[PDB]
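Below you'll find only one chain, the form deposited in one PDB entry, shown as structure tokens.
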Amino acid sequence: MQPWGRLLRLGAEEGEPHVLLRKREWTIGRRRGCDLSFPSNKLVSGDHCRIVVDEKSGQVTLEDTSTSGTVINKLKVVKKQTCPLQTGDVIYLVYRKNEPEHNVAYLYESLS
């Protein structure tokens, strides 16, 4: 099955290869059976999570099956709408993917 996505391990030595997702379901875990395995990492659950692409809608999802959870850093676009704000979120009044020099970002933190 043709690749619909890829993964790149960050902070790795120069030349880190991409992992191509050529399956409808991609498992990640400490167990050697997973598609992406981390048998020496004690902080990853046996079956930590799975990435799945929907054939019909075309939407990609990640489902956590670990004992402590999976964290995901995400950029959300709020256009003429309301949105929750939690401590740690960064507000970009101006965001440029190509040129972050022009970014105007603010870290929000509650004091309560």
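Residue numbers count along the first chain shown, from 1. Between two forms, the rigid core is defined as the largest C-alpha subset superposing within 1.5 Å. What changes on going to the form deposited in another entry:
- Among the residues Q59, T82, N73, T67, the single one whose Cα moves by at least 2 Å between the two forms, once the core is superposed, is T82.
- Once both forms are fitted on their rigid core, the CA atom of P17 lies less than 2 Å apart between the two forms.
- If you fit the rigid core between the two forms, you'll see the Cα of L7 move by less than 2 angstroms.
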Second form
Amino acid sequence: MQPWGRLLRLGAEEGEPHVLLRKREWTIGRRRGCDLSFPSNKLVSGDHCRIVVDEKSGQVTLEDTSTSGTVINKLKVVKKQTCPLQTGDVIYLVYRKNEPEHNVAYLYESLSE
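Structure of the form deposited in another entry (previous: the form deposited in one PDB entry):
The following holds one chain only.
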């Protein structure tokens, strides 16, 4: 299969090693048989999560199979629907991928927790 994605350790430069995702079901965990494992990290489950690519649509999905869970930083597009808000979130009333100068954004913070 041809390379559909990759992982880079947060904060790494370009001259740093990256992880090539060349399968359909990439496993991550503490166990030895995982494609990406961390044998000495107890905060990571034996089978923590897997990243899968849809053969036809090309949609990539992550499935958590752990005790703790997995956290993802996303840029959710809300169109004519609902979405929960949480302290620390940032709301973009205007978001232009090609004209970032036009971005209009506000950080949301709760006055409780």
